[PDB]
Amino acid sequence: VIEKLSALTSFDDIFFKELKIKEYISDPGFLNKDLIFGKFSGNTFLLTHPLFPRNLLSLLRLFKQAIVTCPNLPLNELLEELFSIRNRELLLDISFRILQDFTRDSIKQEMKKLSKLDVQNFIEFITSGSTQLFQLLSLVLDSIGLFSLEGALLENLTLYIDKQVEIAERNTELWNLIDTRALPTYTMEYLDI
Amino acid sequence: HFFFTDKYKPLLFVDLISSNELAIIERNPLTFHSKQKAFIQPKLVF
Amino acid sequence: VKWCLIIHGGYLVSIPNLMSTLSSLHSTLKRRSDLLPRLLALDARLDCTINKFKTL
Amino acid sequence: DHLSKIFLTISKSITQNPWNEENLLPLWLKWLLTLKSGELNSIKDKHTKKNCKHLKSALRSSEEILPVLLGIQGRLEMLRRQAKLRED
Amino acid sequence: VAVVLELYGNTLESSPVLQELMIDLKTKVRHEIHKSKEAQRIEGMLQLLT
Amino acid sequence: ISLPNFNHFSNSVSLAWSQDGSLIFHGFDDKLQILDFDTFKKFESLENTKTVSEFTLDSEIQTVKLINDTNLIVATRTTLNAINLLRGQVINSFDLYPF
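Those protein sequence lines, which keep their order, are chains UH, UD, UI, UE, UO and UQ.
Under PDB author numbering, the residues of the first sequence are numbered 460 to 467, 473 to 487, 496 to 505, 508 to 517, 524 to 533, 538 to 544, 549 to 617, 631 to 681, 711 to 723, in order.
Under PDB author numbering, the residues of the second sequence are numbered 731 to 776, in order.
Under PDB author numbering, the residues of the third sequence are numbered 502 to 557, in order.
Under PDB author numbering, the residues of the fourth sequence are numbered 428 to 515, in order.
Under PDB author numbering, the residues of the fifth sequence are numbered 463 to 512, in order.
Under PDB author numbering, the residues of the sixth sequence are numbered 599 to 697, in order.
One should not assume that every hint holds.
What the hints assert, rightly or not - Listed next, the in silico EDC-like pairs over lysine to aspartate or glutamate satisfying Cα-Cα at most 16 Å (straight line): (1) UO:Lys488 with UI:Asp548; (2) UH:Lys601 with UH:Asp663; (3) UE:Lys463 with UO:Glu468; (4) UH:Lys505 with UQ:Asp618; (5) UE:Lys480 with UH:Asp508; (6) UH:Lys463 with UH:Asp508.
Think of the hints as simulated: they come from the structure by calculation, not from any bench.
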């Protein structure tokens, strides 16, 4: 297989044939039982290797394959791809990614290093147009701290999160609402014929 | 043809008060006026 | 207990051991936060039934 | 079964727009699930229950969203108090 | 209390002296919706200083 | 205490302990972690000879057992491997998938 990968789904047969023609638990067990060299040579097959087993290279189709199924990604490029305001649901995907990958203190210090202008841009963009998203907002707030945050933007964030927590309490109440002698002394009744 | 109603199991006096109106004078012996204390033989429901 | 974190909050950032000096407040606010969804569910069931016997 | 048709429409609507700010459609859900819940539970067993578990998953997700909203609410109230301290 | 409620729905609508106790319950079950809801809010602005 | 908060959850975890009590191996799903004992952070080595604290592996780790401070046998959901600790080079591996 090494000679194949040097001269260039299923076990290793289909992937090797695909590589030679272009030149996944079972696939992982067949091509992981040298790996760094194979990855460097290869860099579809990239997608399979990402799903199975150069973080800066992963930083530099395969975009979503990396932000969903890449083993090693650094938080600086991760928040760069997150704070890119393209919004192809990348906000939710990379928020889920950072919460899956790293620690709250790490995100705190990373967004301490991160600039304030894109912080204000992301706050305005979230307030304009999700537990991961609001955990990211709480992370943004306790990373920027106590001093530098605009009053008008604070009023906007107050309005946003207040109306949202009203509607969220409403939604929880309705959700669990979905989760939920003899005859008198004298009456008048008629019979059939 | 005929019919017999089983919706009135206790009854003291049935008659015709008026041109068509009936009187079914029923009873309720235990649940209202007597209320004499009965023995507690508990039925295991589970 | 809000105003303690409001006015001396810079000193509370400046202290190195926040959870160590304030394990008890974290404990009680976490315990209340833990109770919150279950009592919210209860309150939903309560509201459903009380509107049921208001309307009938 | 007019009310069951209404329930189908409003259940699909709350699955489509989970974060809508309007109140009369949640109030209609409140009235239906308050008065005639067991009747609907005897009415239909497969399609309304599939839509019901889907909307239950969505509203449970919103229940997961809730506490951090409470947290940032406490943070913005603290920031408002600190701002009044700064002005005074 | 939820189990007793799901058991005794209509005896509750037949009896009035328990109705005044539930309206007494609704005004006191709202302080964890106020004070313990504020307990989570302070828990949010306590992590800000961390 | 080492307290992160991961939004994803998987029962594919384990931990091993070096016999002299300095480092902790942690088997996460698709991830091997190395923890210091004094500060509960990653193994920050000042020499930087690619013995990093975050190793990538193929599948869900099921066990991590060090036979000594020299050899570390890590068996995943699909593959078993045997690495060294002084040098960060792999030595042995076996397919645990067909069984």
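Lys505 (chain UH) paired with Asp618 (chain UQ) [C-alpha distance capped at 16 Å]: violated (30 Å)
Hint consistency between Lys488 (chain UO) and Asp548 (chain UI) [alpha-carbon to alpha-carbon, up to 16 Å]: holds (9 Å)
Satisfaction of hint between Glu468 (chain UO) and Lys463 (chain UE), Cα-Cα up to 16 Å: Between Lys463 (chain UE) and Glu468 (chain UO) the Cα gap is close to 15 Å, so the pair holds against 16 Å.
Pair hint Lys480 (chain UE) and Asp508 (chain UH), alpha-carbon separation not exceeding 16 Å: violated (48 Å)
Holds or violated: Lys463 (chain UH) to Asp508 (chain UH), with C-alpha atoms at most 16 Å apart: Judged against 16 Å, a Cα distance of about 13 Å means the pair holds.
Straight-line alpha-carbon gap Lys601 (chain UH) to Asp663 (chain UH), limit 16 Å: violated (29 Å)
Hints 2, 4 and 5 from the list above are not met by this structure, while the remaining hints are.
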